[PDB]
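The data below hold one chain only, encoded as structure tokens and taken in the form deposited without its partner chain.
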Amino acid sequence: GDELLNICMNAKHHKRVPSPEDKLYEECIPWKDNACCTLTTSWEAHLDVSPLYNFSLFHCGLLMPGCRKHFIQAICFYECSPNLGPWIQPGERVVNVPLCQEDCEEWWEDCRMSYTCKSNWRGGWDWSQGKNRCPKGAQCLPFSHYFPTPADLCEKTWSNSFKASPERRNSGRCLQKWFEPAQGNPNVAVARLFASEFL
């Protein structure tokens, strides 16, 4: 129960334990009250091809600013959230964090006219240059082609780290990948809920 709250997964960048950060960079600002990411990690999240993963989102050339913003926010969420304990599964990762409907929907809307070449990003890239390239015969086409629904986008872009939830925002039953810093973190209560109910 309490074991699952206010912890950081054991992945390669995460802080051992969450704690306030005097400064986080831009999109990661929302987590600065209590974060699993360092300043350096928050900065690296914003680089053209983040050195955190060396996965290029620009593999089809056309990735729009509004689309990339959602992806940077996703990195901040993964790297900074102290509220993922309940979905930590075995050295750890996260599986099927329930993202609210609006988080998936807007992400999808803002990425429609960007281009990718694959639906299942978890693997099957041409990796020869040190960054991933589209494999042989994988056509660059709009995100709406490879991710027909918001749910496809959320789930497949991050190797099943996230699960698109039928629940909406402020329902207490799903997590937001980003939130306005003024408002305070809506995900604390949600993690508490899953923790208390033995999942």
The other form holds:
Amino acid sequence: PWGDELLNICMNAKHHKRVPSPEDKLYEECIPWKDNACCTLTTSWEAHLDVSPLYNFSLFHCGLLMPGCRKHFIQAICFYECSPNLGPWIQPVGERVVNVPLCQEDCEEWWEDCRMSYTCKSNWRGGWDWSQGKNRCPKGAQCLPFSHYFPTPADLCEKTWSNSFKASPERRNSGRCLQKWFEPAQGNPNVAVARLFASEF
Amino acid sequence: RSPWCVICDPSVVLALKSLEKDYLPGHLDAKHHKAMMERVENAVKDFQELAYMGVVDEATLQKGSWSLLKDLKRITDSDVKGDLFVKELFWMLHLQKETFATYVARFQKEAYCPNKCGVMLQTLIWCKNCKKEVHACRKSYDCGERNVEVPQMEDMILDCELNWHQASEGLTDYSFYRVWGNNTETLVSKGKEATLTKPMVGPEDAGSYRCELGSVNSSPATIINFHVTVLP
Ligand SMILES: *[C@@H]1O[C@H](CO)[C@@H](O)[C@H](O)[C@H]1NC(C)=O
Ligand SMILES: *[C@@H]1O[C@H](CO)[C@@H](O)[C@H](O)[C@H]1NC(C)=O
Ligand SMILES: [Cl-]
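Next up, the form solved in complex with its partner chain. The previous block was the form deposited without its partner chain.
Time for the whole complex; same chain goes first.
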């Protein structure tokens, strides 16, 4: 009826805590989730690594990203790894997450801050040259601005992480979309969203 | 497809504008100026010589720029004209780019993120857009334990300094904590001093200590743990 089954839980993926609980200490961008996290300190740290061991997926493939752009991606990782408010979007493929609605501001700022940075592909979900252990751009793939390969914010949100996220037309504080980062001072705006979606309505 | 990082130096771009407006009139047929410059601008807008990350430190950039400027001035001071001038100039740009590639490859292998543990913030310049911003070099969460034995009644010095600290940006204070067996801590000093001195030590000063070098950011730049033995 209200999906409490689906509230305050962690997905069964390889890095996740089996159940959420508070953390004394999380690294940088993952701190907003301290209160109650699906990530350990180690996980939160690993989210900030160049070629983070979590996915062995390189952000530098077209060269080092502008720091502003790197920040967005890392936050996305913290969110996926640490959020306890994802139940409604969990699916088995041992579980993943599908079409989590990221508020338009989240996708817009991300897109905006990565405009100057460079990539070679528009579907990062596959088709890379994988020979070094880490992905590199395949034969003939040109490095160009993000705004070329992801013409809209929506493209960026949805395609980088294989439809884990959905770019919502809904804006923030609507009750109906999640933030991939939030200021810890202001308290977690995703809890109510989670509750809403767990419900029949 | 990337610019030659050297145009991120204003003196370089101004030197090239001066070449166009001041040098070409007296040294090359007027009917060639336009095309010559288009060709130079293209030389600088693409740098094919280079696993290149597209970044450079101010030092490397400067070295490159100084070098290019020395050679360019060599040519303009020689007062050379016409086909000769054209050939020398483009040879020189070419040579310079190759030289610079060397400087970059060295920088990547020696000066980029030289920290071996912890987190160093270092300013870099992004070649594609000349934008100068600070990059976080993340090596390890830790910097690892120090085992330290101090003769009773000599002074205990705990050194938190690493080589790279002085060069890193966005660092704040060295914090030293005692780590008690009951899982609590006490902050014993917090300051710009990289070492902790505790004089004329007794058995009561043995045990665990931790250094945190603080960051303008949310997390510390260096964590070092010390285990102190007092030798009677
Ligand atoms: C990342 O690389 C390591 C080391 O080569 C490999 O063993 C591991 O399976 C990779 N991690 C993931 C999560 O795929
Ligand atoms: C923990 O142990 C230390 C050292 O024995 C003692 O001074 C301190 O009062 C203890 N702290 C607490 C909170 O019990
Ligand atoms: Cl959340």
